[PDB]
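What follows is a single chain, given as structure tokens, in the form deposited in one PDB entry.
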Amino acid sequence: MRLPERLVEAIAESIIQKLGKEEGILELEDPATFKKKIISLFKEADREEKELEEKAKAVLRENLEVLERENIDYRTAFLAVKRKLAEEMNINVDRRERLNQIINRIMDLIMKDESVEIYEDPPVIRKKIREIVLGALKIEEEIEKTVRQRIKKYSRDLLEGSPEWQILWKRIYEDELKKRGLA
């Protein structure tokens, strides 16, 4: 479940533009700081997902001999362990359900930010943030679909998921953003 920097910034800006400037259901006394706070929420949520991965790999690393004796493939055990740790860490694995958590964290920020005022029922504000996030995710998904088509020709030369593979994915992703005018 990727949330690249450009997607996060598009969501934060769209929240400020649509709900703050256009509709006016949010009053932001410091839009620049509010945007930084939203970006920090996504960064923290990303760090949690990375921590979930390292804890899952730690379990399997410690149970190498057991997995062999059990005849359970690493990939099977990884998905199962991740499902369990995700519940214990209250991290939704589905990116859409995970975004609902992040959206609620944005609502938590909005509600506690002394530099923000709201003029509409919070659950209605959440529904509107969900619509903004879902619209941006539709764009992210059509971009990722092209990135997967373009990185296929390099799939066998790099270990999928490795740091070198992540760099190439990001490089192809940035190139798609330029071709599409999305910075």
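Positions refer to the first chain, counted from 1. Each form is matched to the other, and the largest set of C-alpha atoms that superpose within 1.5 Å is called the rigid core. What changes on going to the form deposited in another entry:
- Both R105 and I39 are assigned to a single rigid part for the movement between the two forms, based on which superposition fits each C-alpha better.
- When the larger rigid part is held fixed by C-alpha fitting, the smaller one turns through 25 degrees between the two forms.
Compare with the form deposited in one PDB entry: the form deposited in another entry:
One chain, no partners, no other molecules: that is all that follows.
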């Protein structure tokens, strides 16, 4: 589950408020563009995950006879093929390590941006941005936990994991985002 866009926006706003305005270790000429670039970074990371999934599907589609002949469940093969392609594409499949790659890309953006100056050792900036991103991940985890609790109510007449269940999950998720101002 990716971070919703308004939470990604909140990450960027938090970098500006804490590291810029409260601690003064970061200075930016253009906060709105800085936010835009961080949002693009998270969008691009999602585009990479989609490409990985489509590439994994395409590899499986050309090897269906292998799965049948060698008795390899499609679901197991997909996960294994996806992991291998991820290694080749340098995509970490754990959500946390993926976000860590994203923190490095944020640092790359900050350090290569001529309208940005930093008044601390770059790794110090990196660790503070990591704390902020982790904060957003903890919010997303708390939202997801609430969704799971709310959807359990419908266990009696709904198949857990069915397409309807997944759509209902997303509707409850959007409701929770609205209750927190994130949609």
